[PDB]
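The chain contents come next:
Number of protein chains: 4
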Amino acid sequence: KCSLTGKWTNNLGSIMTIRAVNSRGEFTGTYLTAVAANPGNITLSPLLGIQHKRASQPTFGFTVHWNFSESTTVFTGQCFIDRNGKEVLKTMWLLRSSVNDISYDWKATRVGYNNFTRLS
Amino acid sequence: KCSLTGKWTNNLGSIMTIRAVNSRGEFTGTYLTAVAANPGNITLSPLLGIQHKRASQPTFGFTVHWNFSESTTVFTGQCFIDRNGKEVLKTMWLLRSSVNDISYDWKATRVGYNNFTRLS
Amino acid sequence: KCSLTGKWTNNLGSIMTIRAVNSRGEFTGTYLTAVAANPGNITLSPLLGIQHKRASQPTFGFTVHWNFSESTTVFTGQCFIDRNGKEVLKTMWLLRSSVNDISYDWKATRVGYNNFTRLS
Amino acid sequence: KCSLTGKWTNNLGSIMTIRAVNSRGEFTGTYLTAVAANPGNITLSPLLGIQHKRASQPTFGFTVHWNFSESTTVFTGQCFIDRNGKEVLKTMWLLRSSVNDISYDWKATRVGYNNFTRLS
Ligand SMILES: O=C(CCCC[C@@H]1SC[C@@H]2NC(=O)N[C@@H]21)Nc1ccc([N+](=O)[O-])cc1
Ligand SMILES: O=C(CCCC[C@@H]1SC[C@@H]2NC(=O)N[C@@H]21)Nc1ccc([N+](=O)[O-])cc1
Ligand SMILES: O=C(CCCC[C@@H]1SC[C@@H]2NC(=O)N[C@@H]21)Nc1ccc([N+](=O)[O-])cc1
Ligand SMILES: O=C(CCCC[C@@H]1SC[C@@H]2NC(=O)N[C@@H]21)Nc1ccc([N+](=O)[O-])cc1
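Just so you know, the sequences run in chain order A, B, B' and A'. A prime marks a further copy of an entry chain.
Position in the first sequence (from 1) plus 2 gives the number in the authors' numbering.
Position in the second sequence (from 1) plus 202 gives the number in the authors' numbering.
Position in the third sequence (from 1) plus 202 gives the number in the authors' numbering.
Position in the fourth sequence (from 1) plus 2 gives the number in the authors' numbering.
Possibly wrong hints are sitting among the right ones.
[Stated by the list, open to error] When the alpha-carbon atoms are kept at most 16 Å apart in a straight line, the in silico EDC-like pairs for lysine to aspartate or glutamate are as follows:
1. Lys255/B' - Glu72/A'
2. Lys55/A' - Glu272/B'
3. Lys92/A' - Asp303/B'
4. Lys203/B' - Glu72/A'
5. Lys55/A - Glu272/B
6. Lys203/B - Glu72/A
7. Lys203/B' - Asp284/B'
8. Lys3/A - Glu272/B
9. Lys88/A - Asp303/B
10. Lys209/B - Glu272/B
11. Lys255/B - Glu72/A
12. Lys203/B' - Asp103/A'
13. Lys3/A' - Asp284/B'
14. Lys288/B - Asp103/A
15. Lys203/B - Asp284/B
16. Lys3/A - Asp84/A
17. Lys88/A' - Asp303/B'
18. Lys255/B - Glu228/B
19. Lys288/B' - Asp103/A'
20. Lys92/A - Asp303/B
21. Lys3/A' - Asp303/B'
22. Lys203/B - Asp103/A
23. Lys3/A - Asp303/B
[As the list claims (entries may be wrong)] Here are the simulated distance ranges between beta carbons:
24. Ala222/B' - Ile83/A: 30 to 38 Å
25. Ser225/B' - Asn43/A: 17 to 25 Å
26. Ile104/A' - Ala222/B': 21 to 29 Å
It should be emphasised that the hints constitute simulated quantities derived from the structure, not laboratory data.
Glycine included, each C-beta is placed from N, C-alpha and C at the ideal position.
Construct the entire structure; sequences and hints are all you get.
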């Protein structure tokens, strides 16, 4: 069974820590991004998400509320466990920036990927 | 100030309720999608997210754990208010399907938009 | 049969012309965006794409080489025709900005939607 | 200067071949995908795109008209050259499937990434 609780790094060097997953699949955690628009401002930020519970290789999603920006990121993906028991989170994300009014809405959403593996 | 708490509909005819937003910007709710891969199977599904608390037109994200599928959707966007006080959530989403192993990961993520308005 | 050749406008107020589609489904045209990072700089920009030729409601893609920026957009979508013969292009796009090196790549891709209808 | 003409592989094992880039930045080529919904049907497929010409690390886009499917993919990205002259294409893509009518449009667009390096 592919589990999400614990510490993970991604391909950009970011670190996240996920706490206990409850019986609904809900989890909280923290996210330390390696990169930002203004990296001098980066602070540890909270995340909240839900995974599927029954599945051995669950899909999941989470939201990161950046504590140093008006932006928000959401990640979704799947936890895969390979034949040797190694886990990988394959994810894609949307990063929503804050714009001044709806005329700027079109430029406010970035997309990308991240692959996560366990810290230890 | 653009508020997320309440009842919303989107351009596909889906509806959602969002409950009270706490001091950290966290919220729960319930999502009824109008569409699915198998629409005959649709059940009400929980959502969990975070918005920015201080901003007049906050960015936010939330995860929907579909209760009738192994998939998960994340939404992110911004709440805008026009001159007459009418709110719109401008959002982008990623829908993650469950695939068998990492070699199928490439086809597992759909993307789209949704615009939400308040019901009454 | 839903045809791409002609003059189109989208929900942001941008317009494009698409020229004749050849036997391979290839087409050129000209795009006038209503919006940019720097709207004072906007110039007409060429597009180049391919549609499926046989399909009544073809999928397609095209690239816009912005003539006033180092960025590029790609659009993909499908041409639908309703019962009265009215066409709509339902599209999704990626806007790639130029960044200095690979360490900035994560923030270089925006995503969004556009719905196009025929001008007259 | 980061050039696109030549043969490339990506992280999924796909191969593409780009021909001469003209003075406008337009190029054609072929794409042999390693993966598909129905891999038994895969055939070499044409692509058409545009890159920026002046830039040492140009952004670009291209469309692949799959010759074995009603779907279309668009790719956009940037060509980076590192301190040793090694080139990488960092891309993201949208894959548009053909659906029967507009009520299914919401599920028709997949998103993902690909990193390309030169075959030789
Ligand atoms: O910089 C920020 C906030 C931090 C985002 C980090 C992103 S989350 C996706 C990716 N995966 C990671 O591990 N880290 C990165 N927000 C921001 C960025 C750009 C703009 N902008 O206007 O361009 C505005 C806000
Ligand atoms: O059908 C599902 C679950 C429901 C998704 C509803 C989407 S959320 C984005 C959009 N906005 C809405 O209000 N409703 C739609 N999942 C699913 C679909 C296809 C496949 N598949 O394998 O093809 C697997 C799971
Ligand atoms: O502004 C630009 C070039 C023009 C992009 C217009 C986009 S295409 C998707 C959407 N549909 C339309 O009809 N129009 C918009 N590029 C750009 C923007 C921002 C940055 N940046 O660094 O922030 C760099 C280049
Ligand atoms: O399978 C197809 C056509 C081939 C697409 C190959 C994709 S292009 C992005 C990625 N990078 C690669 O090098 N190769 C893959 N189309 C398709 C897929 C799924 C569905 N579907 O309905 O699920 C319909 C058509």
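Results of checking the hints against the structure:
1. Taken as a hint, the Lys255/B' and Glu72/A' pair is honoured in the structure, with Cα atoms around 10 Å apart against an allowance of 16 Å.
2. Proposed proximity of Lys55/A' and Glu272/B' is supported: the alpha carbons are some 10 Å apart, at most 16 Å.
3. For the given pair, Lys92/A' sits about 11 Å from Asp303/B' by alpha-carbon distance, which is consistent with the 16 Å threshold.
4. With a C-alpha separation of about 15 Å, the suggested pairing of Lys203/B' with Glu72/A' holds against the 16 Å cut-off.
5. For the given pair, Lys55/A sits about 10 Å from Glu272/B by alpha-carbon distance, which is consistent with the 16 Å threshold.
6. With a CA separation close to 15 Å, the supplied pair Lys203/B and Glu72/A stays within the 16 Å bound.
7. A hinted pair counts as satisfied when its Cα atoms are at most 16 Å apart, and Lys203/B' with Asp284/B' qualifies at roughly 10 Å.
8. About 15 Å separates the Cα atoms of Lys3/A and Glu272/B, which keeps this hinted pair within 16 Å; it holds.
9. Restraint check: the Cα-Cα separation between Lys88/A and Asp303/B comes to about 13 Å, which is no more than 16 Å; the hinted pair holds.
10. In summary, the hint linking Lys209/B to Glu272/B is not supported, as the alpha carbons are separated by about 25 Å, beyond the 16 Å threshold.
11. Restraint check: the Cα-Cα separation between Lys255/B and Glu72/A comes to about 10 Å, which is no more than 16 Å; the hinted pair holds.
12. A C-alpha spacing of about 13 Å is found between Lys203/B' and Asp103/A', which places the hinted pair at or below 16 Å, so the restraint holds.
13. Using a Cα cut-off of 16 Å, the hinted pair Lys3/A' and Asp284/B' is violated, with the two alpha carbons roughly 48 Å apart.
14. For the suggested pair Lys288/B and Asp103/A, the alpha carbons sit about 13 Å apart, so the restraint of at most 16 Å is met.
15. Between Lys203/B and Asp284/B the CA atoms are separated by roughly 10 Å; this keeps the pair inside 16 Å, and the hint holds.
16. Restraint check: the Cα-Cα separation between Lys3/A and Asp84/A comes to about 10 Å, which is no more than 16 Å; the hinted pair holds.
17. Straight-line distance between C-alpha atoms of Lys88/A' and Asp303/B' comes to about 13 Å, which keeps the hinted pair within the 16 Å bound.
18. For the proposed pair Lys255/B and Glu228/B, the alpha carbon gap of about 9 Å is at most 16 Å, so the pair holds.
19. Note on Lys288/B' and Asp103/A': the hinted pairing holds, with a Cα-Cα distance of about 13 Å set against a maximum of 16 Å.
20. A C-alpha spacing of about 11 Å is found between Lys92/A and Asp303/B, which places the hinted pair at or below 16 Å, so the restraint holds.
21. Proximity of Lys3/A' to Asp303/B' is assessed by CA-CA distance (about 13 Å); at most 16 Å being required, the pair is judged to hold.
22. Among the hinted pairs, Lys203/B with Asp103/A is consistent with the structure: their alpha-carbon atoms are about 13 Å apart, no more than 16 Å.
23. With a C-alpha separation of about 13 Å, the suggested pairing of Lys3/A with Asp303/B holds against the 16 Å cut-off.
24. The hint said 30 to 38 Å for the Cβ distance between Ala222/B' and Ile83/A, and at roughly 53 Å that hint is violated.
25. Our hint of 17 to 25 Å for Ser225/B' and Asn43/A is violated, since their Cβ atoms are close to 55 Å apart.
26. Judged by the Cβ atoms, the range 21 to 29 Å given for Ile104/A' and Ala222/B' holds: they are separated by roughly 26 Å.
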